[PDB]
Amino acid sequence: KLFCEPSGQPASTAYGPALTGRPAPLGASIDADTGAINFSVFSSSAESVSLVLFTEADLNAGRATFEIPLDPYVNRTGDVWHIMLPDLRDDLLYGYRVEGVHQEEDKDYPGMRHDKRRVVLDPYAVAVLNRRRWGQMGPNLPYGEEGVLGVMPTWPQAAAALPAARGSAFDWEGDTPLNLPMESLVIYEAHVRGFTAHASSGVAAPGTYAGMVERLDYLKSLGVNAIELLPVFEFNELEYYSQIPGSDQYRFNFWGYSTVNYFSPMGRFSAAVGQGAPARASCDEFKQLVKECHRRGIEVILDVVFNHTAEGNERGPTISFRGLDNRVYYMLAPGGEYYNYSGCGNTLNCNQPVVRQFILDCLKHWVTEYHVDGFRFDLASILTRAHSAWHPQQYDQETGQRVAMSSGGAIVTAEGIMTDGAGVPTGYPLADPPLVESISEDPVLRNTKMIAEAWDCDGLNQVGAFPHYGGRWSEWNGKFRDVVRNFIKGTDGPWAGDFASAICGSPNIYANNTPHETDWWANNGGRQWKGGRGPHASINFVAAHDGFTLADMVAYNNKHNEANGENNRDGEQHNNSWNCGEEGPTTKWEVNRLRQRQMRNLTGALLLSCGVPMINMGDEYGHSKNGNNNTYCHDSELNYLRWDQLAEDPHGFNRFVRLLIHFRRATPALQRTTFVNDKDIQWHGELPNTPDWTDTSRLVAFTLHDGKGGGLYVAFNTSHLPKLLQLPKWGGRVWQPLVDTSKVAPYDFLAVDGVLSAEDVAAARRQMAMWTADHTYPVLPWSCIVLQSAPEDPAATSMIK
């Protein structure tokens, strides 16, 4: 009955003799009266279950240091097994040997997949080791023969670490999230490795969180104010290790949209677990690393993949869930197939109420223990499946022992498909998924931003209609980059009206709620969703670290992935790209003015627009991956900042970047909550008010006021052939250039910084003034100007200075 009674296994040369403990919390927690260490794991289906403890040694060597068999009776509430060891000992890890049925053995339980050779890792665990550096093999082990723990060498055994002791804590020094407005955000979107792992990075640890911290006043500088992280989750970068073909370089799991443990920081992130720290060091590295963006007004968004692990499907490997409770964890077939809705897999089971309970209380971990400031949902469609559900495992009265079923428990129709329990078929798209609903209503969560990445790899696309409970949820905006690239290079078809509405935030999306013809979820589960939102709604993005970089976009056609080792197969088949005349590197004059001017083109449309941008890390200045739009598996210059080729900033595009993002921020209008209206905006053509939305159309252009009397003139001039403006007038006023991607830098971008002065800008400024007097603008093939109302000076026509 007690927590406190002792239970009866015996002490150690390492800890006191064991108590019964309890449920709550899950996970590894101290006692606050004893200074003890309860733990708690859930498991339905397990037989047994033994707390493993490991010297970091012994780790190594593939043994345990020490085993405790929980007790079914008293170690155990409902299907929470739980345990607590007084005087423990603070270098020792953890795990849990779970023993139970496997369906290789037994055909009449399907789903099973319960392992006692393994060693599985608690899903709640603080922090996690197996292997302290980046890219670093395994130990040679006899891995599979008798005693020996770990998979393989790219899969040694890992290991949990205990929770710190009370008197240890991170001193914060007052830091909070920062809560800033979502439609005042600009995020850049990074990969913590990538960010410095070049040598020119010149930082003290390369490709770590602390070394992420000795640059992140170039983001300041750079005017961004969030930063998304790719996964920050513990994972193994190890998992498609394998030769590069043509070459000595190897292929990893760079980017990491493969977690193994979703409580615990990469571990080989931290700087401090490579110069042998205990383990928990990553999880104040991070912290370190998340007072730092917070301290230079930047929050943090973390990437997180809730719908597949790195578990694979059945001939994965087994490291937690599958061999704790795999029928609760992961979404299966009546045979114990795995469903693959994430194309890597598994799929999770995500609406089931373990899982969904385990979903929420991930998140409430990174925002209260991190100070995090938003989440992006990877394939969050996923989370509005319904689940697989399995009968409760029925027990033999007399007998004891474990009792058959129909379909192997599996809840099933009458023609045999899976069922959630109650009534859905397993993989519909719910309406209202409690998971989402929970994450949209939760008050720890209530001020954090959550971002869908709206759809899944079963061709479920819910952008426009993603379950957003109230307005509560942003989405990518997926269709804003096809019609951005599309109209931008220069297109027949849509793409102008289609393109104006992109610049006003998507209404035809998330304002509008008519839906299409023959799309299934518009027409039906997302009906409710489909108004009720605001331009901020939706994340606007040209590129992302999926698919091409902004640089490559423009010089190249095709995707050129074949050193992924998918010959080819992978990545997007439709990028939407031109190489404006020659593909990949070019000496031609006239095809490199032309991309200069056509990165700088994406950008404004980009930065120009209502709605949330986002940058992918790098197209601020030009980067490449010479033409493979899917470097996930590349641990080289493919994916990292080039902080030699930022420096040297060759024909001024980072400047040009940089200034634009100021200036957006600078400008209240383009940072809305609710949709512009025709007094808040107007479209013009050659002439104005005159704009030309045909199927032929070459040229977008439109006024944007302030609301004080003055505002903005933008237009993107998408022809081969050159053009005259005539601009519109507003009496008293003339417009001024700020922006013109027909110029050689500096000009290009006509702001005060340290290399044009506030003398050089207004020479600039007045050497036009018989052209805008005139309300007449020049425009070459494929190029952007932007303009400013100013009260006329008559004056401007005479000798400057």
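Residue numbers count along the first chain shown, from 1. In this text, rigid core is short for the largest set of C-alphas that superpose within 1.5 Å between two forms. What changes on going to the form deposited in another entry:
- Core-superposed comparison between the two forms: among 592, 568, 357, 719, the single residue whose C-alpha moves by 2 Å or more is 568.
- Taking 2 Å as the criterion, residue 245 counts as shifted between the two forms: its C-alpha moves by at least this amount when the rigid core is aligned.
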The other form holds:
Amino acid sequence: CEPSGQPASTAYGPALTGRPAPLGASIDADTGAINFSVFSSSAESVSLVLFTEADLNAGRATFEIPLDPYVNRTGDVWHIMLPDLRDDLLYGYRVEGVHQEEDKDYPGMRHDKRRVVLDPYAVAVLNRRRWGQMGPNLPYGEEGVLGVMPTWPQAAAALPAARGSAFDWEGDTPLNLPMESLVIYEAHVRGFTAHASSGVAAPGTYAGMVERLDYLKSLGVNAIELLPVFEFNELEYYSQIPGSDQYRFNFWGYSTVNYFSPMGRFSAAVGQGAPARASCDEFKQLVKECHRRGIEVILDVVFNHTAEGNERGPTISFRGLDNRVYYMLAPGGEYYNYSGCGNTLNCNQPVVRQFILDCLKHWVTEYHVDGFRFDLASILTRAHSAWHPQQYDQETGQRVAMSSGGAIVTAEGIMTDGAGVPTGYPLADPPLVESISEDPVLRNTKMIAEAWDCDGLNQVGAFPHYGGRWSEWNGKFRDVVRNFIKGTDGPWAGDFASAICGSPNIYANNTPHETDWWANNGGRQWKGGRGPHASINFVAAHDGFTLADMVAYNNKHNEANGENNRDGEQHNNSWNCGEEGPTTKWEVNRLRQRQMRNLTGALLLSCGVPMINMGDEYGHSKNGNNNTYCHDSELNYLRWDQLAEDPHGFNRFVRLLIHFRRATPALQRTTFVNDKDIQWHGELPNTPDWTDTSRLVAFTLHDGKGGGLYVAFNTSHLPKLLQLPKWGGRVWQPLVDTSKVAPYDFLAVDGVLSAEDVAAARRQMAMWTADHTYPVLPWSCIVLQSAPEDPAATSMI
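What would you give as the form deposited in another entry, now that the form deposited in one PDB entry is on the page?
Only one chain is given; partner chains and other molecules are left out.
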């Protein structure tokens, strides 16, 4: 409120002291001034820097306002208020302080007054407006020139909208659909409509996606999991791929530049010159429209590492604000690398915890988002690295060097979190995860863990989940289903039956392996208290093989990632069904058509929550590449042409199976099935094969009202005759048979089958079903429905 001394300019009035809360740029409700607030415990000086867009493009600042360190600062939070500020300016911060390479008494200090760094709380960011657009060709690294390189030009943050109104939600609320009801579709914003066949107005944008959303409503999906939509740099490592005319993009976006700003290069409007805040409203429009169609939005989020990399990466934000607070560091200043990406965010140090939590609440409150999937979630359980606060000489006024550079170490010099835990140690009770799990703003927000990291920490089945608040990507489900369905000796039959049940062997298991450290110690308290809906089941996802390719290649084919690449999963549990890649051998193609459906049957006929990889609903292929992370091409694009074509009726199959699952409450459970819910069979009723050599799993599943389903997967290379369990006064009726050419693979009424067609196809087999016999082809899958016995069935149609 008081003036802090800095003079007015053409763009704003005399600066005021301002307030530390809220962090970020906000409008003062009293004066209308923009209050600016940014944390840094390590900075000696801080300047607010403002840009016109032209100045920003040119690598030049328009205005600089030095903050008074006595008046424009409260504790570790710097703050200043600028009244009557031109609201089309953009902002950042020049932060001066020590640097370890210029004084080694200060490991972990990495200030650079030549940089202008981004407000971590930036509501929208501008740097480059169009996807793939290179930044300007400035003489970077010279006096007064802002930005790092053409791939990393100067970014700036948008100001709060002073005049004008907010977005009209029209009563929109997050849907709060019960977790167990979900069918999740993993999609990429750009890849969903970037392909020419998409036919939309703004290909590859938030606005483009809205235009094709009816597809996903028609497909029967009720949740979309978006790949990272937080601002990232797709030109991060832009270079020509060695031995190829293609260029290397960071396509997927698992390398976040700013966590509060939506990705501008997914915004049609920003691409066309709109103000940077336009992307905010384009994303709000998208969520609104997903909700109109009964589709939840789950954001994939990456709080385990940032785009700044290690010391050889760019100073964009955290590193130049306060490197010691934001990143996991050893006492020399080296970056712990549990993320496998160069740095590891300091998740559980207090300011960082608050940042992440504020970020999640921001996306829920401002964008009405329904859930978060946390990439490499194990990192969020690890103890942070602490440093003592900087000492200053009262006489000299000067900074005072400390023992071990002020790293809080053990007697053996090992980094510690300040409270006795060695840095990196996985916590039974991580404060961040507890905060996420218990914050009231997030209480109806779904939380999904990918419960491992890149240093071999694996917490699946015992992520700290605070009373059922977290589901987990179930990678065991993926490997089990792939092994069993291709036909593989081992324990895969038993393991598969368990997967059908929602993997209670993983989520309700209270007898950990003797060698599993986590499950025996920190994870033990978390080994129960969850039902099947904690298992996010998937057969494929953005990384790894597609469904089609899983059934077409024994080995990966990542040549397009560049000569001398060592990219992608080695152990794929795949089978090419006879020949590597495309082939005219008919028995191969017959088998692939079947195994696509068998794998999908497994996914959507299991308790827990199925996730579908974009494109696997129509047999999308990446030509055997199991790691398309760098390709801005058809390999990562939804192929609207191939979808229309549906040559062997697979998209119809998937679509109908989705809808059939949604309509079957016995598959959508919050408690595990018991011996009265499900019974196991073989070729004979109640005689399951659990042996190493098993090639058959089959089960009945009751609907609670006397009806129910019979399901069987024959993974044998031989055909089988099944004896069906006899239910008094009832017969089994055909629905799914993967041995049948489409549309008779799925006998449901639709635009292709009439109610007559279906009844006729049921009556055809009436002699087989009445006998309680059903013939099944090798590598095939059956679903039957129990119906009231009607002896007139076997008379004339």
